[PDB]
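Note that this complex is displayed minus one protein chain, with the remaining chains in position.
A, B and C label the chains in the order they appear, each numbered from 1.
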Amino acid sequence: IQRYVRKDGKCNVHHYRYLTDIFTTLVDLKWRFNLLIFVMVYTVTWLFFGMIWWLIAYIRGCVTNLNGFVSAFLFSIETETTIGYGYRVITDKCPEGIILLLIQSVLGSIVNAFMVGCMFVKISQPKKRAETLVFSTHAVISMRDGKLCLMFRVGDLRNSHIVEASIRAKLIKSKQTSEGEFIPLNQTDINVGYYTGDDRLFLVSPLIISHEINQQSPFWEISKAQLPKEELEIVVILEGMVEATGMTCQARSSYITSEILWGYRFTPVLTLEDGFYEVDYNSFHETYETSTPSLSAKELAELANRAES
Amino acid sequence: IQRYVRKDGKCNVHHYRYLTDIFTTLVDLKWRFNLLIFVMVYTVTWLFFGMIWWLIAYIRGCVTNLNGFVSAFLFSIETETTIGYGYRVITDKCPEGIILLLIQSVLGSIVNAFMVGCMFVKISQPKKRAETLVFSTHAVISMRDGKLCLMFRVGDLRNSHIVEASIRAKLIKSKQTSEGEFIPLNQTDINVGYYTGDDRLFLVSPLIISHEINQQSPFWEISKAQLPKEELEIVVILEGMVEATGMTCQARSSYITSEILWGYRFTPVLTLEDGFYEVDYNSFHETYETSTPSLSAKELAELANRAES
Amino acid sequence: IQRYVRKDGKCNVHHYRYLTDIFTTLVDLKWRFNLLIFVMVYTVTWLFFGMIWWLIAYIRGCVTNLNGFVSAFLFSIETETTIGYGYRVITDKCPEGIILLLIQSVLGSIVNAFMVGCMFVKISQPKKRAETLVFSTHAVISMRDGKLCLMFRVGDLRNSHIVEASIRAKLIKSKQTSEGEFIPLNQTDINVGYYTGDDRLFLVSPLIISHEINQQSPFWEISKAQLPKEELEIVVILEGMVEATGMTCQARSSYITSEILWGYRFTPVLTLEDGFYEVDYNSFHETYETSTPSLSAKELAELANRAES
Partner (left out) sequence: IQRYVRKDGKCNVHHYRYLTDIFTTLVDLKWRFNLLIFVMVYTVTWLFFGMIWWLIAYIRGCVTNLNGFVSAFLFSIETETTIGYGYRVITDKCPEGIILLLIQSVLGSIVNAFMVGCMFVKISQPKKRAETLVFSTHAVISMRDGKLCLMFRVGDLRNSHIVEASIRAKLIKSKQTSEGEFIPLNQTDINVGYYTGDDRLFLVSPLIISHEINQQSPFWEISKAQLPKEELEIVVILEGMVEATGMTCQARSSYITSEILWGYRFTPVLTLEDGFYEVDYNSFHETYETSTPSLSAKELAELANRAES
């Protein structure tokens, strides 16, 4: 079976009521098509309202300097964008011209919001910030202060902060309930600091998120030997708010069984440079191995308890 | 008694200070009326300010090419939408014309914001996204890995993510305090992962939310037999943020006693298709039954503890 | 001593760097003054930029149909609001006119945002929604299912929802540390459901928030007799998001010692009406008394434990 989440964040999942928020799907399209729809909508409302200026003018003979279809188009433009050159002016003759100018000039603002606000949000969409949030390429398992840990690194490239930033992790692997039920990609949260508000990040320079492999960890019975045998995947999620706006964003990444390295450890990145801190981003992803017992956390702890003198 | 929340989310509840935020009620109205008010406000400010252009012009004889009421209307329009055709131009004569152009042109922007921003928010309201978030039609109770569970499925139809997404559930049923007090629709939260951040969803492909029926569960003493006898309703709430904007949204649904099925289980939806995952949305709501003890979780556990060999 | 928070929410507290976000203070002013500043800023930029059109025209003799100060003002207006009547047109003569039109037309949009966006936010400020969120006028203490409770009611008048809505309460009273230190208005949080996500509200029809008076409660040793002797105040806070926008809001209220009624209980508000629920908002604030022991929760529990047969 192939992975559920790519290293960059896109999922490998494929899926009537999409027109209950035509706006939500409007902001998704790539620029070129957004810029085309924007044109379409604008031109066709210049068409429709321009066609009604030609319908009432046909019954009258309100209108100054209008001739064919090529001229009735240029009046609807001077009105909706409120250009109004002054070559094509309006007069007092018909009642059907006064009330339709109102309808056009008002509905010109409604078309303005739907599009300008639309154009705003996509320029200002937060998913972009998540580009400059980065995860180590592998995760490691090595010892820390006595206890075995699953560790991955997290970084923020942009100098700006990410407010109320947090990290959570979900372990994904199929399982079978003792009752028979097979559950395809069963998600189960991994502890990465949630019981101590240690999962609340002060992300400035790159941090190593550590999940300790205790009794309640999924990695409790995985040993160095069993690890490559397993068929699991660790989804890593980082959420928080772009300091510069009120936008909330999410950056994701994944670790499949083969990308977790047993016995390794992260290369430091920090150096103090004459009154500032220098983050050597070259050593970010890089790791190195150190002496690391090959036993499962469950056994390590069992032998450590049997060592009571 | 009838239900508190409909399967789609609307509540069956009916309720001076509504004019302390005339804006909040302005965004509620259906489009046609919003589009009418928009017209009203725009036309009547063209009226008022146009009427004051006719009042000061009456005392003067500032004004170029103005005649009756049908012409004074077309000047206020060329000014507030800043059309300004150049047929009706302003001159240097009266002081009461210079300062009133300022008042109109400035208050033309104030009317613009109140309406354009108004038009923005409703196009961009989040309640819409909640349309494409969906709940299984029934909930089930069956065994999982030894312990009895109340389970309902949750789905997101749109390919876009829902950031910081979470699920919570409230059990609604009237009760009487031993002291006598009757409480009409007393709400009491149901555990659906809150003590482990398992209620924090990574909602991509459809998930089964499971509430285990332990000592602290309301369903602790409900057996298969008692269930249809009960008069309870489970409100299911899903909250989180639209990836595409900073909007927070809520999707709700309900389970009344008869819609909870004892002994059943959800049909899988996942299939791996040549390097992506295929979610067969047809089996979403569908369930099937399996061997499931008819005893209450309280008794099941009591007999399992008595089985100690 | 007088109270810290009024029944409506304003605090009784009085307090250089206020110009580090001149915007934040700009949205605070009442409408009339906001509407005046808006005028000021607009007129004075029409003045400044209009004065520079008169400075370069003085060195030239770029300019069509301009005379005195009363005419140079009407050109700056036709340019910044992009009215441009066509009576006062621009020509090719001087270089100092071409680049200044650019500077004005660009800085006309900068003045537009600062003001239009300003005008948007205040119309769309959330503090308003908090008007239609309401708290019972008194709080009560009576028994519930064996244990003594401090209870106040909460309501939402508007039919719209309040997403991710929550309630928290802080007990305010001065205290002296055994070491001598006197602390003026020491705040200490009261449990109103925080350890069970029962403080997470599904606020539709009016809810009674209950704080049980256990060992950890401040009201643990307050008896009916001692209550009127105490000098405490309960601040009640409700926070959450306006369904209609991404705004987060806060509604506050207070209970001073005299407004907490010992031995009373809230009048029900619910009635089921032919397929909807009718909330009789008249009985909202209203209470009534019932048999309620006059002893402190600490003693009640002590005697209940001594009753072990």
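We take it that a contact is a pair of C-beta atoms (placed from the backbone, for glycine too) under 8 Å apart; a residue touches a chain by one contact, two chains touch by 3 or more.
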{"item": "Absent-chain contact - pick from C:36, C:44, C:70 or C:110", "value": "C:110"}
{"item": "Per the touch definition above, residue among A:13, A:56 or A:74 touching the missing chain", "value": "A:74"}
{"item": "Omitted-chain contact residue, chosen from C:61, C:68 or C:184", "value": "C:184"}
{"item": "Chain C residues that touch the omitted chain in the full complex", "value": "1-2, 4, 11-15, 17-18, 20-21, 23-24, 27-28, 79, 82-86, 89-90, 92, 98, 101-103, 105-107, 109-110, 112-114, 117-118, 121, 125-127, 168, 170, 177-185, 187-189, 194, 235, 237, 239, 245-250"}
{"item": "Contact set of chain A toward the excluded chain (per top definition)", "value": "35, 38-39, 42-43, 46, 67-68, 70-71, 73-74, 77-78, 81-87, 112, 115-116, 119-120, 123-124, 128-129, 131-132, 142-146, 157-161, 163-164, 193, 196-198, 200, 202, 204-205, 207-208, 241-246, 265, 268-270, 272-273, 275-279, 281, 290-291"}
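Assume only the chains that are shown with their structure count from here on.
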{"item": "Whole-Å gap separating chain A and chain B, where each centre is the average of the chain's CA atoms", "value": "21"}
{"item": "Averaged-CA centre spacing for the pair chain C and chain A, given as whole angstrom", "value": "30"}
{"item": "Residues of chain B whose C-beta touches two or more other chains", "value": "82-86, 112, 245-246"}
